[PDB]
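Asks: Okay, here's what each chain looks like letter by letter:
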Amino acid sequence: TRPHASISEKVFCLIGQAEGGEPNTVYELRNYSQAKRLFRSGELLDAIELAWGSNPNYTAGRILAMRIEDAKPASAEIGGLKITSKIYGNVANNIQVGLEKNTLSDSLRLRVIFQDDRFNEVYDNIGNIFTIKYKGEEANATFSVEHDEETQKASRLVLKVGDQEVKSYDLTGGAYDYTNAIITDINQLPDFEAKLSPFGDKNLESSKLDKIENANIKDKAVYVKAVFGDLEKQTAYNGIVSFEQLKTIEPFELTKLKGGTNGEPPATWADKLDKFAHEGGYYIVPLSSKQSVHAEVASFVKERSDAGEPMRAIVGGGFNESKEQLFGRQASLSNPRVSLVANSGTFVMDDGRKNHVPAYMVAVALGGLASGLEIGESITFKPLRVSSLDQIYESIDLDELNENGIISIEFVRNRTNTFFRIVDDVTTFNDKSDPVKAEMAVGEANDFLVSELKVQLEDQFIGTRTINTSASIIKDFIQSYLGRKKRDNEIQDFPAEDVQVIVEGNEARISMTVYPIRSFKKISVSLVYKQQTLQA
Amino acid sequence: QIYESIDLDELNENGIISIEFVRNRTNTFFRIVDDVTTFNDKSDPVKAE
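Protein sequence lines, in the order shown, are assigned to chains U and T.
With the entry's author numbering as the guide, the letters of the first sequence map in order to residues 12 to 18, 32 to 270, 298 to 587.
Everything in the second sequence is counted per the entry's author numbering, starting at 442 for the first residue and increasing by one.
Because the hints were derived from the structure by calculation, they are not lab data.
Mixed in with the good hints there might be a few duds.
Stated by the list, open to error - Partner residues are not named here, just some residues of chain T that face chain U (Cβ under 7 Å, in silico):
# : residue
1 : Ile-447
2 : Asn-453
3 : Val-474
What the hints assert, rightly or not - Computed list of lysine-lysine pairs in DSBU-like fashion (alpha-carbon distance at most 30 Å, straight line):
# : chain 1 : residue 1 : chain 2 : residue 2
4 : T       : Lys-483   : U       : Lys-219
5 : U       : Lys-125   : U       : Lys-157
6 : U       : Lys-526   : T       : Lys-483
Beta carbons: idealized from backbone N, C-alpha and C, even for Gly.
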């Protein structure tokens with residue numbers, strides 16, 4: 012590998041169908057060029073590119089995703105070789121592989137086809153690592169290679185003068201573990217010859233050679249053949265397929308790798324949703340309509356948040372859902388840290404397509420916006436990508452479903468432009484006396500403040516250094532820290548007189564009060580027309 | 442200097458200094474492709490470089 016030239033803090037999570045990538049592993053997608061390379065097709069790809077494309081400036085952050093399927097690979101067992109596919113799904117059934125042995129080279133030849141990616145390859149001079157020959161005066165020369173009787177790894181290689189062993193190389197271990205050493209040291213018994221292959225690098229570990237005897241030599245040049253040892257080099261980084269040796300290798304006609312399986316749908320998402328526990332997400336969205344999956348996601352979000360790791364979800368159901376379904380689903384999804392989306396629509400992508408967008412894909416679009424916006428700012432009135440809104444929701448309806456905590460999209464008719472811009476960051480929790488639960492952005496600001504508070508209280512006091520730092524000092528430390536957050540304007544002011552601390556044994560209880568940065572909900576303007584004369 | 446890019450990788454890995462042909466816009470020149478020594482170990486740059 013000689014030197015050359017060759018030519032957002034809120035993480036967002038996803039889980040849905042995709043025709044690519046191994047399931048039950050959360051991937052981090054560095055760039056949507058790499059997303060398509062992993063997630064070939066399916067709703068997850070549209071959900072990734074919709075999220076990063078949802079607005080020309082409020083782009084989404086670092087995405088984590090997983091294919092939720094019971095998929096398994098396509099494979100075949102033929103000749104001497106088990107052939108297996110790194111793609112899991114029905115797409116693997118399109119793979120084809122076939123061998124030949126070529127009398128022009130006395131080598132093996134391999135061919136791999138994969139029409140889906142318009143991908144095709146041929147490998148030739150497979151095996152036949154390096155040449156041996158004899159030039160000394162004698163009438164006869166040969167050689168041999170032998171195995172360990174147990175492992176069937178190679179153990180000896182020997183040059184023979186006629187029938188008899190001249191010198192041996194310890195393939196069981198040491199300086200001769202790499203065939204390069206033998207390619208040199210055969211040319212340190214210069215009556216014999218060895219010479220390298222012209223067809224690219226090989227550097228085979230000599231233990232992978234195969235047992236051979238008494239090939240007749242002087243004029244002739246003969247290879248050591250070691251076909252599987254060479255195939256490991258030819259398949260190091262190559263294509264979609266991998267190989268395992270059972298038995299002895301032989302060619303075989305072109306044949307499809309079978310057993311490619313997307314798999315049955317999941318009966319429950321819980322044991323595959325658990326992988327997003329410790330991965331640093333904050334917004335997670337399911338790409339599915341079933342209410343049971345939504346209840347499970349609500350449960351997972353609660354399980355992580357109650358453990359100190361805050362998380363939230365945005366959810367939408369099916370297609371063109373009606374009011375009765377939204378109320379009944381809100382009542383079945385009532386806990387905070389969950390948002391329900393009420394509207395469907397159409398989105399445009401660069402392929403020239405107009406999708407019919409389910410409600411959980413509008414959540415993704417909103418979730419990508421929520422992650423793009425810097426901490427504490429509301430999703431209120433930010434314009435969205437929508438091409439057409441699918442709706443039975445008028446002015447008053449938006450009041451109904453806003454007051455009942457369902458997020459919705461509203462239509463605006465400016466002087467010239469008509470654009471869609473989403474209403475308010477209210478959550479599924481209904482009781483609007485408690486804005487700390489109701490408004491998602493208020494909850495975000497709270498979650499990150501309490502976490503920073505909880506963290507710095509570890510170093511200062513929960514480090515356990517002594518009991519002799521009493522409760523007047525803890526009160527002072529919370530006043531100090533509220534001062535620092537007041538300096539950054541994240542809390543407007545705090546009544547230091549109304550802070551109290553109680554201590555018993557090795558436990559402190561503290562009461563406090565904070566003034567939140569007060570929001571601005573409404574304006575109304577009385578515009579009156581009058582006339583007065585111009586004169587000359 | 443017929444040795445090609447894959448040959449340069451084989452000579453360089455084995456610790457043998459090689460030379461390369463390079464084409465500019467119109468001019469050309471020959472440059473030396475690595476400061477490697479004859480030493481074996483790849484994780485010991487004090488000796489390998």
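Asks: Look at each hint and say if it fits the structure.
Replies: So, going through the hints one by one against the coordinates:
{"no.": "1", "hint": "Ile-447", "result": "holds (6 Å)"}
{"no.": "2", "hint": "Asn-453", "result": "holds (4 Å)"}
{"no.": "3", "hint": "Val-474", "result": "holds (5 Å)"}
{"no.": "4", "hint": "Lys-483/T with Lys-219/U", "result": "holds (25 Å)"}
{"no.": "5", "hint": "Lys-125/U with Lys-157/U", "result": "holds (23 Å)"}
{"no.": "6", "hint": "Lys-526/U with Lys-483/T", "result": "violated (58 Å)"}
In this structure, the one hint that does not hold is number 6.
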